[PDB]
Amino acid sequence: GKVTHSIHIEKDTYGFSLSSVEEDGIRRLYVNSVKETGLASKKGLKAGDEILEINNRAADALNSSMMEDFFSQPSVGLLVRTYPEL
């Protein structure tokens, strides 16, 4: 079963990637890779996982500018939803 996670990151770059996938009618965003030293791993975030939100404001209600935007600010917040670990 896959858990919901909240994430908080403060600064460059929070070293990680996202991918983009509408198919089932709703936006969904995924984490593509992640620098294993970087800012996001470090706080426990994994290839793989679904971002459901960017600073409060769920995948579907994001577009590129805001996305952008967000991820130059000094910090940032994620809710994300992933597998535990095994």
The other form holds:
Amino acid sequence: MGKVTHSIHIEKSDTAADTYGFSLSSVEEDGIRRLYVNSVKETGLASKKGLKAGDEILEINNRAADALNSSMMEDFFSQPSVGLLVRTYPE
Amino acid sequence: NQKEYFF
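Return the form deposited with its partner chain bound of this protein as a structure block, the form deposited without its partner chain having already been given.
All chains and molecules follow, beginning with the one already shown.
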């Protein structure tokens, strides 16, 4: 335990920027792909919404991480908004 | 199959 799960909705209409300011690493463990937050721009929108390095992305737009692919993801993050299910440590 | 994405 120690980990908490919460939903995040981020919208591009808040910033002059067209990007959210974070990076993800993708890795396959025992046939299943997991997504982790690699870095978060301190001044970016993702940081503003509480995303942190080391967080795990469980879902994007209600789709499990292992069921996403790259073209699907590039599409979702170029849209005006996107929803995330994130597993994180408090603080 | 370690990929990385920037968003």
